[PDB]
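Below is a slice of the complex: some chains, not all, each in place.
Chains here go by letter, A and B, matching the order in which they are written, and residues are numbered from 1 within each.
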Amino acid sequence: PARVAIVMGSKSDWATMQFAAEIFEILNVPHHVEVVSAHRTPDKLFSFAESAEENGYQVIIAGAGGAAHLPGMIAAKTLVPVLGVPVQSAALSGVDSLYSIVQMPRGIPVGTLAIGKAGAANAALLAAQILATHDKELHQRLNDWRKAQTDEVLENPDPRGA
Amino acid sequence: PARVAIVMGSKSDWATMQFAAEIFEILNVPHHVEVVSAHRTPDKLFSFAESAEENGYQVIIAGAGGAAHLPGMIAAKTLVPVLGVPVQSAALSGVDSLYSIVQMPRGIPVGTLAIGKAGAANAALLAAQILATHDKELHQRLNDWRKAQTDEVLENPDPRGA
């Protein structure tokens, strides 16, 4: 059963959000992926958020750029935790995306990650850490993955040419 | 019949939006005022936008601060022209408000005005200019008001003490 859903405002956002799905493939975490536009499919946004709890989602990762309203509007319609990923926009390099997501008012939170691909991957890792609190097997896989990243850096201390 | 509606995300926004209503009092333009929160009353936002055309509104002026989603979400749900006013936020001085409103994607526009009270007043003036295209009497009142502002500056060229 998919306990996490990855949503984005447009198909072009996949170039960024694919990095969230990559973490789940590595950690073997079942997940749903779907394009839900706050501005082009506002009604679908409402129906998606309203049925999130019933559909079994415990965490929702939402990505959007520019006037990024997707994460916040989903968070306004459900109690399921929402994590937001600011997609890098052309002109403002994601600052508009960042401000539109992180500056939510008291009462409707959205846990925001870094701008771009690093944030997409981290949103998945955070979702995994949340799930891992009640999933011993996943907790172990996260632990092993973290150790693997640390060891790679430790066994290669000199960045200069051989 | 009220052809324009002034909406805002919170009652504290009235300190800013009251300047939009002031322009309408001066120009004798019937208007509706209401608090519609994108995050605290998402369902009311949808019902307000869906019935805007039927309620007779030809222009909607929406004000919000921070992660200002109100103008854009209304614009996504109706063909009635939407004008957005960025309320000045504490930490980011309205830059977050500005970015969240003006950076709308292709297909769902929001005509954005200046940050703060100047923008609120201008949103009302712009709405009035739009209405004035098919209202000769209002067009005349706008003309007289503009002349009055120009004359005040012209009859007082020296800013120094008397």
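To be clear about the criterion, contacts are C-beta pairs under 8 Å (C-beta built on N, C-alpha and C of every residue); 3 or more make two chains touch, one makes a residue touch a chain.
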{"item": "Number of copies constituting the complete assembly, 2 shown", "value": "8"}
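Please note the rule applied: only the chains that are shown with their structure count from here on.
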{"item": "Intercentroid distance (Cα basis), subunit B paired with subunit A, Å", "value": "34"}
{"item": "Interface residues, subunit A side, partner subunit B - complex", "value": "38-40, 42, 46, 66-67, 69, 72-73, 75-77, 89, 92, 95-96, 99-105, 107-108"}
